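A.B. asks: Each chain, written out:
Number of protein chains: 2
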Amino acid sequence: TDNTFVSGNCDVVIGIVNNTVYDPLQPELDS
Amino acid sequence: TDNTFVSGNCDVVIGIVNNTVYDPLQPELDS
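Here the protein sequences come in this chain order: D and S.
Just so it is clear: in the first sequence, position 3 is 1119 by UniProt numbering, and no numbers are missing.
Just so it is clear: in the second sequence, position 6 is 1122 by UniProt numbering, and no numbers are missing.
Since the hints were made in silico from the structure, they are not lab data.
We put the beta carbon where it would ideally sit given N, CA and C, even for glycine.
Accuracy of the hints is not assured; some may be wrong.
Unchecked claim - Across the chosen pairs, the derived CB separations fall in these ranges:
1) 1134(D) with 1126(S): 25 to 35 angstroms
2) 1142(S) with 1124(D): 31 to 41 angstroms
3) 1134(D) with 1138(S): 33 to 43 angstroms
4) 1134(D) with 1130(S): 40 to 50 angstroms
5) 1145(D) with 1128(S): 20 to 30 angstroms
6) 1131(S) with 1146(D): 22 to 32 angstroms
7) 1125(D) with 1131(S): 33 to 43 angstroms
8) 1125(D) with 1138(S): 18 to 28 angstroms
To be verified - Take a look, some chain D residues computed to stay more than 12 angstroms from chain S by CB distance:
9) 1124
10) 1133
11) 1138
To be verified - The following residues of chain D were derived to be distant from chain S, with all beta-carbon distances above 12 angstroms:
12) 1125
13) 1126
14) 1129
15) 1131
16) 1135
17) 1142
Make the full structure from the sequences, and use the hints.
C.D. replies: Okay, here's the thing in structure tokens:
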């Protein structure tokens, strides 16, 4: 999430794909 | 906070206004 940014949804961009975004906030909450 | 940068204070800036900043850490710590 620090390297990328969110804008809109995935129903507009042509050729878009799926992946898993590793949020740095997640493991720190579980630590 | 990810789209704005903090510097100085609200006494030196001329014509500054007041607003609420969305802290991404707030709903994550509450969740």
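A.B. asks: Against the earlier hints, flag every one the structure doesn't satisfy and list their numbers going up.
C.D. replies: 1, 2, 3, 5, 6, 17
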